[PDB]
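For this view, one protein chain was removed and the others were kept in their places.
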Amino acid sequence: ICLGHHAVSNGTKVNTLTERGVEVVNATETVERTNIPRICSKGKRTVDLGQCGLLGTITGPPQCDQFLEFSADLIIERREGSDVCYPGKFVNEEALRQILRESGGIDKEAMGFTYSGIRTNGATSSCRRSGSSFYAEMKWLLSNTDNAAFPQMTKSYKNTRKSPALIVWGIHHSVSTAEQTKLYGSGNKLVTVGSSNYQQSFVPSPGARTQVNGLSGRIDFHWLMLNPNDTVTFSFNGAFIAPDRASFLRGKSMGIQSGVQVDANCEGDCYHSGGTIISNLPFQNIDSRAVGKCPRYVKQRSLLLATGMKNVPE
Amino acid sequence: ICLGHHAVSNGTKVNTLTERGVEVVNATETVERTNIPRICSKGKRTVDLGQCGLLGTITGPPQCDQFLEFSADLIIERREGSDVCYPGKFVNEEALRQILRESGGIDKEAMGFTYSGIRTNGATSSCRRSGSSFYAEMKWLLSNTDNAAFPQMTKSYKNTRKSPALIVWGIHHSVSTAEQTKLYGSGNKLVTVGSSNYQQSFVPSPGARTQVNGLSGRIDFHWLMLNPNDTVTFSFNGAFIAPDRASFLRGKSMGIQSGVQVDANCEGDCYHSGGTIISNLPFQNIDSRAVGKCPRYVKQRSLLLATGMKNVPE
Amino acid sequence: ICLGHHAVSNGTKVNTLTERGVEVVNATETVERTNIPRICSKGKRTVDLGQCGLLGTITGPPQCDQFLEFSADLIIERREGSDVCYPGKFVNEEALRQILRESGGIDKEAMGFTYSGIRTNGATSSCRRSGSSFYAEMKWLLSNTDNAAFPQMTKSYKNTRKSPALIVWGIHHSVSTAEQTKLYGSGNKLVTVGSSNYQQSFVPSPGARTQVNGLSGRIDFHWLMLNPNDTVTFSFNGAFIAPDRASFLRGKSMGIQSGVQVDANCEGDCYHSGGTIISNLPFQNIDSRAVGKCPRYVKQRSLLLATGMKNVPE
Amino acid sequence: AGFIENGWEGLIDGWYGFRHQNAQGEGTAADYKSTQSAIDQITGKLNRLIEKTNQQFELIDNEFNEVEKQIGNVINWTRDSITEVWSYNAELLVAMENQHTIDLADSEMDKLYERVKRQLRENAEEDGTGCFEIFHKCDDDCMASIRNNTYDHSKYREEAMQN
Amino acid sequence: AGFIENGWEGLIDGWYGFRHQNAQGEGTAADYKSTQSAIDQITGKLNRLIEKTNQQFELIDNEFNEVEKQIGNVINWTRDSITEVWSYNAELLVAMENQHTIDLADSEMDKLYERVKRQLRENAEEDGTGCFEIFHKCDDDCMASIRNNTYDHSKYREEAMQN
Partner (left out) sequence: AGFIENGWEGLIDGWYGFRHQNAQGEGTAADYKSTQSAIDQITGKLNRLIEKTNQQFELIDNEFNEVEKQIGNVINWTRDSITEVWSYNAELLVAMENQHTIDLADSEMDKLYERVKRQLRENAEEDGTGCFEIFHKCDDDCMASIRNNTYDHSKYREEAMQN
């Protein structure tokens, strides 16, 4: 009586420690290549920012009016999103983005800044709503008559909650020094900030820069995080975009950047700009910058794991 | 005659390439979990900074008066430590901390700055000793009468040793512009620094910031490292905290941050905030930020290595 | 009839999973230690910068006059290289270096800045050619008579090509405020830059700093990258080192820093400061900072791979 | 898969099996214990390698607004290093697991053959190519007694000893 | 640990051993060479895996005064990547070493059995479950001669050949 093993006509070549191209009976794939060209968001609270920028949700341009107090498990950034309506830029913008991606949403709260002796309803043609408007969460602080002067003012706000608050103020860089004297008066202007961990200086710099939204001046946005039972102070005297409401982190979430469609039919925890990687394999060769609970990215496009024996045909 | 192997009633389950939960005869642990809740400092020169901050040892607040010229193999930072007595902040503070942790101690040396035509004994109510004092290694440069003016002064110091020197100066940000004119006189003030590798500008910014130690003004500390046979120059004219002595690194050491007690009975080379990891295992699941000669941190809490054969009972 | 294996008198000890020091028949090395003390540049376009600095090729000091429009596959930086002839420093210098190392060379193009009402032929004793010269790609903008005043000027340049352009301007920090008023006139000076992605402020700071090349003043170099069909704007009024020509990246290359000789006889893709690592082994114990297509650096100096059987002699 | 010169492509019933030719016809029936053992081992390998790490990684770069060039080159440098590490680990992992899988199948085959050999003390003798030459004519029911490990090791002894 | 259906819990004398039952009573005595070999191999594994790397790592973060958020997220990102790498390496390391340890013990057992078999040319025959049926009554001193590898391979031949 004889005894032997089985074989097949068409095997599957794999690689071993000894040889490279051993024909075995059966094999499987370990490096995922298939991609779902959608954002699988089944069972998750998804907020597609769209034309609204992630940082704008703190300042509140028109395009972010519907994102001032959002709550999400999965936050999506779009390429058409913009953080500003009036031309400007954030300082340490990427750090604040990485803070807001895992925030789980934001919760605004009025800071209660009352002003006596100045005007507080500045606007511009860029930030447009019914007419000429401004940031929803900010107040453009100006002087009382056209020209005049700005009194040395000092405000303060104490965080009366258990979570750190997000404080964002602005510095207006005018188109020219004469226009800065037109809005806030002549003389040097200083917008002093203060807290237990932060505080700084922040002098404006009026100068005719370029054109982006169609204007020339700018507004630089700065931010800090107030600890519980800590106080912030603003000793300013001109060129100040005062904050009206502070932000508080809701919980935990994840932020991604993509350009594909949202799909609540499929479920996935690994995302990239091209879609969702739904796989149980330990490796993937799709995108090295994938975020979430992803298989480890490798350079090889295929690595066949042997599931059968050595294939020796007649 | 028969022949076989041994077995036990109660085995030890491990994991293999094939199965998960194979009962073997004997096994050992590879992931360390036991922790000594003390700083094992046997045989090492240990300097517990306590209420003194690591950077303060260069400037010399009261709480660091006993740490101006220390020498250690193991430096310990405490949470109650403070780098300043007068309110202020260091620029690139963490870099200087990482420099001083492995310095092996510091060695001060007088720089020899003589002043003709100004006053040089400023103090404050915060930095308190017998009465109103100041930083031990610094000299608050002021004007000669109350108000008056500050002459454009220029000092210089050459490193006459084989190791790079640590130069630290200060910039006083007054509570108001009128008080800055009271201490240093009216007009613009510029504290120019200079060397072969460094040099800069450093204009002060007087402004009523918040309250920390009880005051409003500030003093920002800046530093550079002079190469051997290199010269530093200070062309200043007001708001200057001049350095009195420079620092030199002694050798090599290690710096840690912890809140547990010092113990000269046990010996260890791996430290964390909770204590000392004394182990010969290749892995540990205690603290991912452990410093020293530590086992590699892993996420698994237990990984049993098989030391016996397959346990097959009757 | 008997049957057995072979052996040798002098074996080779290796390490296994079980023992450490197993004498096997034959073994080979896996950790490369041999080094070629030359820069193997066979078949590559090599540009040895020498006394010219990598950043200088954009500004154009005398020592870089022969490197204004180079093209290379392998760029070599030398320790004697200098980026400046007039004393100064680059802002974000290492980023620009890492950009220029893989640029494959640079291609200059005239920006076409015409000036009406000022002088544009500044020079200095440091940047020397036939007499007192200046940077080749820059124009020191001054006033028309000795002293006088500088008119508020505004220039602009649009990138009319498919690749991003490299724009570099300068800010002159005078030896004193009186000399700055001598070159550009009294009053505040502001050198505003502008683009779709960049734009900034850049106020000069006149102050008598140290001596390096023999002078006291400085010139800080700043840079941006213009996207295709994007425009840059310069609203300046004094202390301006205007750019004459912009730079465009040619393709792809690699930049190294070494102090050994160039050799077009040997070929290598792994370089370090001491020479070229020519090896097929997967590991090397020469330099952990080696660049190119290198074997992975390890700490072990030798790891013997067994190529023979167990050596059991009589 | 050693001296067994080739495999039985017609054995679509399992991995290992018996094929006998005595006097009552032909026989080809697969074995269940060895095949099931190898299948459970490979299945354990797959169930162990297929794994979803609960470690979540957040965004560190930015695709729409590129971060600073220096910190960006540091991030890219680190990500490329980690990518090299995981590519190496994947290569060596797959290669080693394939080697141990092939050697595992060969080992199970050798265990089957050694068991069937030890079941036949002196009733049959070896030939050369994984077969057992019988010296007493073993009918189909006796072959089935060999398959299910019930063939007696003495009740056919002296009949085949003198042959 | 293959066809040996179970282990001897009473054998607290070593890993492997002999248990005979002839006519002068019972016997159970452990073997020293194979047991000592396996013990030295496992001991070598432990002495190699237990290792204190002389590489010292300094502080890169700060627990009392948090560094900048961007560079801090870069540091945390790198540390998490390295943590994943070392967790993978530890998992695969322990699993592989356990596999090779079990297969090593089984291999040493097979070497013991094969040696005792080759020591008995034709004086005894195989049965099925790791035993050796003797055809000449071997007393206790003869069993001891089998244990210490001194049993003659011909001085008891034709006595057990005719049986």
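Order of writing sets the chain letters: A, B, C, D and E. Residues in each chain are counted from 1.
By our rule, a contact is a pair of C-beta atoms (placed from the backbone, for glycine too) under 8 Å apart; a residue touches a chain by one contact, two chains touch by 3 or more.
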Hidden partner chain, touching residue among D:71, D:144 or D:160: D:71
Positions on chain D contacted by the hidden chain, ascending: 2-3, 70-71, 73-74, 77-78, 80-81, 84-85, 88-89, 92, 95-96, 99, 125-128
Residue ranges of chain E at the interface with the undisplayed chain: 48, 53, 55, 57-58, 60, 71, 74-75, 78, 82, 85-86, 89, 93, 96, 100, 111, 115, 118-119, 121-122, 153
For chain C, residues in touch with the removed chain: 1-9, 14-18, 22, 24, 28, 30-31, 77, 79, 81, 93-94, 97-98, 101-102, 254-257, 269, 273, 280-283, 288-289, 291-300, 303-314
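By definition in this document, only the chains that are shown with their structure count from here on.
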Between chain B and chain C, centroid-to-centroid distance (C-alpha), Å: 33
Overlap residues in chain D, where contacts from two or more other chains coincide: 45, 48, 53, 55, 57-58, 60, 84, 86, 89, 96-97, 100
Residues of chain B engaged with two or more neighbouring chains: 15, 17-18, 299
Category of the chain touch graph - line, ring, star, complete, other: complete
